[PDB]
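Every protein chain but one is kept in place in this view of the complex.
Letters A, B and C name the chains as they come in the text, with residue numbers starting at 1 for each one.
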Amino acid sequence: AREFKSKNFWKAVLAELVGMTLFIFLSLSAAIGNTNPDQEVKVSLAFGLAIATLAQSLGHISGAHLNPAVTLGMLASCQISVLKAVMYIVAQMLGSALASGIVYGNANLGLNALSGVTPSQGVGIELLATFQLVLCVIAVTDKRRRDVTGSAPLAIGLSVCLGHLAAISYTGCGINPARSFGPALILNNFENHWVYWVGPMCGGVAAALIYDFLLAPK
Amino acid sequence: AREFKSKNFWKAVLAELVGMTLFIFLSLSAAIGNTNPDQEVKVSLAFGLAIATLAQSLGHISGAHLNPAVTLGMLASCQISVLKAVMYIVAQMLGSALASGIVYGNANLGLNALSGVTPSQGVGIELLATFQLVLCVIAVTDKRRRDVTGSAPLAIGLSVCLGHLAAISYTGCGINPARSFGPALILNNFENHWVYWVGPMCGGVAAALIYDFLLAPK
Amino acid sequence: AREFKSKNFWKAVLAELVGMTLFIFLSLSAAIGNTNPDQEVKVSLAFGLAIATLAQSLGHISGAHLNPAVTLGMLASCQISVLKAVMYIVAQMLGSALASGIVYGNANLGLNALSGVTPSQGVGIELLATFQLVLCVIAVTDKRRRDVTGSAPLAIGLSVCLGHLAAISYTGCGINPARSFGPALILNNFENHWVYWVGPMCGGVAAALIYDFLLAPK
Partner (left out) sequence: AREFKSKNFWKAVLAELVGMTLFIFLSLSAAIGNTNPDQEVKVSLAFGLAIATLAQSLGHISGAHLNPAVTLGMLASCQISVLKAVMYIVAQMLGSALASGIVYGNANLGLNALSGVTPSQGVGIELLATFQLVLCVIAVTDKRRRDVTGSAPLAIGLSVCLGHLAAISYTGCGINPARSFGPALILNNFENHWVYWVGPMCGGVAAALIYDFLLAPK
């Protein structure tokens, strides 16, 4: 039964849309909330617990990538088809834009922005902070392992939290191109937006290649 | 042995009363503690760790719903009888009113209240923030799964924490009609109280229908 | 081989001494650190992560009670001998006094003290905040269960954290008579000290009786 014609495939695409819409609605709500060094841990926790909770809730349905950089890492890791990667990323961008429009209707941590770093510094920070996330996703979901006895969704969520703690005061922490894209589109502010695509996507592919080709090869 | 006449049933109802009384006593104690943007993470953590701990302690006895919206989601998911849902919700409301009376004897995060949102905005925020909670409960307790290797009680507690991080600065975060009801009754302040019933109950039913009828169908 | 003459017994007593000394050294170091509403989450986390870590490290050797109220609950639950309970509590008091003397050599959260509550209010707060802890310990270690798939040490540590979030602004949060005793002895300040014995010990026994005689009977 071909993937494009398969009920399970489109349920998985729907889970990604649903999960992304909730991820961005909840996280942006925390980030805009009710200045910005005070919010850093709260926001970091909100994004990380949002991913932990939605991956626990949907991961068995779609994988709960909720992140084009995770999806691209899985594609580079040959774990998903090109069709799945395209549809997941479309669903992620749509869900993020939908959530952003709800939450919103500059200023705060909703919109990723560089803070005291240049664009090329921001690209490197986003790359390393996404690299560690996609490395964790790939490693903790590696079907060869028998030693992942705790919660894989929680490990991924806490890696999202970690990426925020590291990057939020420099780039606002995107590590997720669809998460950056939603508020950019809604606010019609694409300043430095390419940083939040180039960095995370290179980091996600780099994580798949380093895990799979060097560290724990097939 | 009919449910109404069953010892295990009434032990489960008692666990819900006991667990709800402790959940609200401990969480309200943290929320009233010893202004309100400073408390947000502390309160969010207190409610989430309270649910994580009591679900770990009682979940094998009653399911540790401790939440009419979770109970209604389980009923919509056909996992509990109508009799169980009624008695659980009565036990939850009673436990919350009892705890509230102990803790108390406006002002703070004890009493859910709208803050800078309209009632219909508050209903939508409560709905989405409860939806993600009941989706997590239903998904993480789904008996078909074999992949929930970590702590299901902790996942649910962290989802409670997440719901607070998202909603607390807008609605005070109810996501739990009995949790809202206790302080409302004790303080005799039912202003906007219907928000904290309509939102969470619709969210809980919506979560059961979306999980069970669309995403991971039977 | 009689318990008093058994090598495993005295290794377990030694684990309790060692674990208690580290628990109090690390937690008091955080609590005295470098005013007190600002510290509440930090201190709450330090005590809870200290118990989570030491129970993960020693729980298979002694049970890692590290708490006379847990030990008394286990005795009321008929899971340890009277001899073990006595020696554990002596080891816990000694370890706490030793650690306190190291850390120290009023003022702060090192010494449990009532803050804006009467002694009888403090007894009830300590009782409920210990009750939920010992209920969690007993429930999560219940050998009949097969559903505790996550970390039992982490669940207990997070319950310790929860008890702090609830009680710290009222009583300083003892929920552990040996933890209260060390700084009291070192500071020679036993004001209201009986609160921190009566409350937690009644709570621990109450938790064993309610779990074992009512909720999940043998």
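Keep in mind that, in the parts below, a residue touches a chain if its C-beta (ideal position, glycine included) is under 8 Å from a C-beta of that chain, and two chains touch if they have at least 3 such contacts.
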Listed residues C:27, C:67 or C:79, member touching the removed chain: C:27
Contact residue for the chain not shown (choose from A:139, A:185, A:187 or A:198): A:139
Identified contact with the non-displayed chain, of A:15, A:125 or A:208: A:125
Touching residues (missing chain, whole complex) on chain C: 11, 14-15, 18, 22, 25-27, 29-30, 33-34, 38, 41-42, 45-46, 49-50, 52-54, 56-61, 102, 148-154, 157
Residues in chain B touching the chain absent from view: 150-151
Hidden partner interface residues of chain A, rising order: 37, 40-41, 115-116, 124-125, 128-129, 131-132, 135-136, 139-140, 145, 147-151, 154-155, 158-159, 161-163, 165-167, 169-170, 210, 214-216
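Here is the rule we use: only the chains that are shown with their structure count from here on.
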Whole-Å separation of chain centres (CA-atom averages), chain A against chain B: 28
Gap in Å, rounded to a whole number, between the CA centres of chain C and chain A: 40
Set of chain B residues in contact with two or more other chains: 41, 148-151, 154
